Amino acid sequence: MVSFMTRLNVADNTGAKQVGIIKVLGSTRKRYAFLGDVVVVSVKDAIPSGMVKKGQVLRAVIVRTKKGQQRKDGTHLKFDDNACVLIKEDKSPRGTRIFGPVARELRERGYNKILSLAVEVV
Amino acid sequence: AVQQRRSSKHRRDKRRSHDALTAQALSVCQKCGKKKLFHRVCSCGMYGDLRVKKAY
Amino acid sequence: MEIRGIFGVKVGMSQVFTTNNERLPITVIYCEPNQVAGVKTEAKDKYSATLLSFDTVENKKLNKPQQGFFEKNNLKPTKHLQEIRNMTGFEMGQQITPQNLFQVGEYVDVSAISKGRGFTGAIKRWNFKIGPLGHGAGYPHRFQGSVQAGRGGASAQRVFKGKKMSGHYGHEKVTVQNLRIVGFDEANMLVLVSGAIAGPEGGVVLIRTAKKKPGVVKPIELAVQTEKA
Amino acid sequence: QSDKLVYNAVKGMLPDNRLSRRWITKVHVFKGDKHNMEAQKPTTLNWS
Amino acid sequence: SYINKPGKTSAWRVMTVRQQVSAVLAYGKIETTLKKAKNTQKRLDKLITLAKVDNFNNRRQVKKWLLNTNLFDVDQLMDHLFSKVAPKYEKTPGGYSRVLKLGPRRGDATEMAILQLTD
Amino acid sequence: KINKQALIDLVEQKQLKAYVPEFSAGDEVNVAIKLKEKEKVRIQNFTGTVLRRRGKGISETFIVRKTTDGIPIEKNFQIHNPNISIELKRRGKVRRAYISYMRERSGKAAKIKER
RNA sequence: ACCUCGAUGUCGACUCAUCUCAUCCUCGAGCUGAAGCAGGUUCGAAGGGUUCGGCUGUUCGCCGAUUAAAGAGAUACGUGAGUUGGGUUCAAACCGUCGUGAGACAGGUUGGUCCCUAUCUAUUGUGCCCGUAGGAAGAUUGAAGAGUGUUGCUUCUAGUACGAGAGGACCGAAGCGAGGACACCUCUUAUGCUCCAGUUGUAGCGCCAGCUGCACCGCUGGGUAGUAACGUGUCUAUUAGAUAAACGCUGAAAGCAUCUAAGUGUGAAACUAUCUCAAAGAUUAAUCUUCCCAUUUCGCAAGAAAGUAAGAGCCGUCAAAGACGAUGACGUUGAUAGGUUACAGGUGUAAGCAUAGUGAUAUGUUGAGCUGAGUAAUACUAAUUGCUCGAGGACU
RNA sequence: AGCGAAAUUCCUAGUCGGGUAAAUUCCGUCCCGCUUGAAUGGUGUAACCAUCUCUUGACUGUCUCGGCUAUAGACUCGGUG
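Chains as they are written, first to last, in full-length UniProt numbering: chain V, 1 to 122; chain W, 2 to 57; chain D, 1 to 229; chain R, 99 to 146; chain U, 2 to 120; chain H, 3 to 117.
Since the hints were made in silico from the structure, they are not lab data.
It is possible that part of the hints are untrue.
Unchecked claim - No more than 27 angstroms apart at the CA atoms, straight line, and that leaves these computed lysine-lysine pairs for DSS-like:
id : chain 1 : residue 1 : chain 2 : residue 2
1  : U       : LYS37     : W       : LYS54
2  : H       : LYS91     : V       : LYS78
3  : D       : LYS44     : D       : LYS79
4  : H       : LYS3      : D       : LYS10
5  : U       : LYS43     : U       : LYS92
6  : H       : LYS38     : V       : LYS78
7  : H       : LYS38     : V       : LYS113
8  : H       : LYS40     : V       : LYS91
9  : V       : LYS66     : H       : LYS36
Stated by the list, open to error - Here are the computed distance ranges between Cβ atoms for each label pair:
id : chain 1 : residue 1 : chain 2 : residue 2 : range
10 : V       : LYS53     : H       : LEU18     : 54 to 62 angstroms
11 : D       : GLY116    : V       : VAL40     : 42 to 50 angstroms
12 : D       : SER194    : R       : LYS129    : 43 to 51 angstroms
13 : W       : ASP20     : V       : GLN70     : 55 to 63 angstroms
14 : V       : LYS67     : H       : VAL43     : 26 to 34 angstroms
15 : V       : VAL40     : D       : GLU186    : 49 to 57 angstroms
A virtual CB, placed ideally from N, CA and C, is assigned to each residue, including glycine.
Let the hints inform the model, and build the full structure from the sequences given.
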């Protein structure tokens, strides 16, 4: 499905433009990507309009995949847009406003003010 | 590939003797002669349904 | 643990919305009630087993030795019979239903046939790897897989016995354990079981007690609001 | 299983022929006490 | 696979089915291999069921699987069949024609089968 | 034993809604979704059209595509799911079922509907 | 230099791995100038795993990104009758050099072809003969087995103990898991090539319309069943026996004591019981069961003739199955396949009629058109009254 | 003079910069120049090379991650063989 190396935009006011997935954290052989999961990424394009610069390897969070997935509650959520977010190891990223929708899978892991701040909560 | 020897008569027979033919089904005609295979039209026309066919 | 169970046949499979209004893969199975033909108790037959009769058919299409044995035991005419070893014995001739055999939440094991794939290669029968075909393909990429523990005068110079090779795949009953009992029904001997059923079309399932535990019943049922507006 | 141990020992002390394995078949050793040839009046001996 | 007998795909299969159904309707009976005979009989049953009801729509529907043959032109074929064959079998539900096993041909020594109709 | 295989209706009746406003590929519809969070009962409203509708009684599913402020989201629901409140909005001219060209078109280019 | 110089494919990569521990993690434990955290040292033990991108004729070598860990050694330096040929070491040529020069450098580069229809040992599944010992067949046992026995995160218990202070434990439970074995296409995706709708050109059909062939199954959109995954569904056990490290309690030798010399518990992802099934030709041919008849009798108990009814095979309707065999039912005693019928599904108002539009076109027609394999009753067709062998319990 | 690790330089994985998440790629800067060298040219040059590379766009079944069907055989049947 959603294999890595897919340049995507951001979801908040961070100045960065593009970023690519590089590796899977911890156990390998995952080979795929899912919504609301923390994955180590390699930035691909980040103009100095913010704080991110090209050549940085950190763990970003993807929330939108155009391929979509089946959540085991009985909701086949499939998106048509791609974007991610970079959290500073807490419940708030650098941007003031959160653009783009956000999944509710990231609930028992916290991060509810982001839902209240994002444009859509599905 | 190939070996460095020949295959004698016995190996071939062990291959050939198990290629031997078998028996067949059979159907005695209930109205005529010319004994025929089972589920097959007898070679003298008159078949069960009718003379669906001819002798030749 | 205590061994009980009943037979079954696949009569469909779809989604069922259980409690919390969440989808569960539920397979509808027609269970075949078994009429006990007796018990082959140990110290009397050396292998304890409850003899179950099944495939209820008529009389004029029966075999004289089987018919004679069936009448000697006076068991009601069913086409076939089988034993379940170490199964809890029951009286000769009775009503066997999964609703009374188990609870609506116990854990059971199943035994269902698979699909006949005909002759099949390793990658689809043992699920081995297939490498890239780019930068030139040419020769067959998937025939048997290359192994070399034998080369020269004496390293192995032959293959170990049991190396999975040419043959037919599938069309064999597979036993899976630890499947929950989901729903109880007795209108037409129907049951509900969670998961995906082995068998391509019209598979027959042998269901007995799971052998990891006797099966702890937990309350799970279906939730729905059948309303008209 | 201990009778098969004696089977292996005697089969290792016999000359390897078809007669050897037939002699092995001609031995009825079992761990239990209930058998069938005791009805044939077996002459009791020891170390023959 | 390069130069050889090029193809025996389902296109040629349905083409041969059309040729054989046209022939058997042109001669009331045909003798061919049983494997092809059964597929021919299925298509013949479908055509017969289509021809049971008669109308310009039904004629158009029937005119999608027939071709001109000798001793019976396609128009002559249609006329003769719709005149006699369709009403004759309009009382038997299913099992319209009869297929019976024949002997082997001299050429390929392969099994043949005879399909008969117009009772 | 011979089974009619009509048990699909029997398992439907234990999961069926009694009104269930139906739809075809090419009809706009809004779907109300009651959610029991026990702290915020969100009546999720999903508007759009059904792109493909699976039938066969109990396997009846359908994908609805919403465009929330220019964000296209196509989500596949199921007919027999509880808490489903389908409210029919309008019906359009069903040109071909399983609309695949409606998964790529957007507003100011939609099809006509019926009040 | 012992033969393979009367041909040794002898690298890398990929697949398959396997074998051993000097296990790396992983399991447990002891010791420790080891408060805890965090360690180090020593010991036994393999169940699984021991990552990836890149450059390089490279695993190498290095950079960078992850886990509790990114192992080591081996298979003519694993794997060219498995594949490629990526090249020192071709021929063709160049760069710089050397040689007076043919050419060469133990230097680099442009470019470049590494066959096999399997005779057999080996290996895997399927089939016929009979044994199997009165035959035939159902239930089986089980002698020996295999698969499998992997792993982490978080929280509650606990910021609890611990030092005092930051910091901060193993484990009881829970969920989250990865990853694979397995199940099917149930919902999502894919597929669907005799399935249809839109759909142009030629060719034809007196003509419009309409049909067909070809033009990538003319094409695009889908989809019945089946078949896969990109889909979610079972599991990652427990138990016991002996257990390694490792303590034991008693206790002698050697009037104290001391796991040991006697007796006596403990305890490792290690081994096996235990889980999944195969599994009597298992010659160790194992048990029970029922039916068969014992319808005479020259000959060696029923062939010198009556020769199973138990069945078994042939043939066909077929199909979970499906290279053939076999597989399971059915075979006129009749519903086993195809249908006949109605239905699911879509294909989405067919043609055509009528109305307005020059015409395209806008509405009833009408979910209409049909359905390979989808759901069910179905003598309507096909499954022959068809052929062959087939017992006297063979001997204690 | 010029050019100077390159197809040429042994010290090499030549210094440094660029890019690359990550450069045994490549291009520029110094110049490890046994063997730098001026018509077996010293520097480069417009167009072009089935010239040799290096990077990207778009793109894909090459990988992820393989499945269905069709032809063609492999399977059976008949003829040679």
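Going through the hints against the structure:
1. U:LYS37 x W:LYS54: 20 angstroms, holds
2. H:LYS91 x V:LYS78: 23 angstroms, holds
3. D:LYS44 x D:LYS79: It holds: about 26 angstroms lies between the C-alpha atoms, which stays within 27 angstroms.
4. H:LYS3 x D:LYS10: 13 angstroms, holds
5. U:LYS43 x U:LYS92: 18 angstroms, holds
6. H:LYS38 x V:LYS78: 23 angstroms, holds
7. H:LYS38 x V:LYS113: 20 angstroms, holds
8. H:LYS40 x V:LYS91: Given that 27 angstroms is the threshold and the Cα spacing comes to 23 angstroms, the pair holds.
9. V:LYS66 x H:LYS36: 26 angstroms, holds
10. V:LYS53 x H:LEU18: 54 to 62 angstroms: 58 angstroms, holds
11. D:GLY116 x V:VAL40: 42 to 50 angstroms: Taking Cβ atoms as reference, D:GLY116 and V:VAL40 lie about 45 angstroms apart, which means the hint holds.
12. D:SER194 x R:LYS129: 43 to 51 angstroms: 47 angstroms, holds
13. W:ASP20 x V:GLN70: 55 to 63 angstroms: 56 angstroms, holds
14. V:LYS67 x H:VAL43: 26 to 34 angstroms: 31 angstroms, holds
15. V:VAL40 x D:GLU186: 49 to 57 angstroms: 55 angstroms, holds
Violation of the numbered hints given earlier is absent; every hint is satisfied by the structure.
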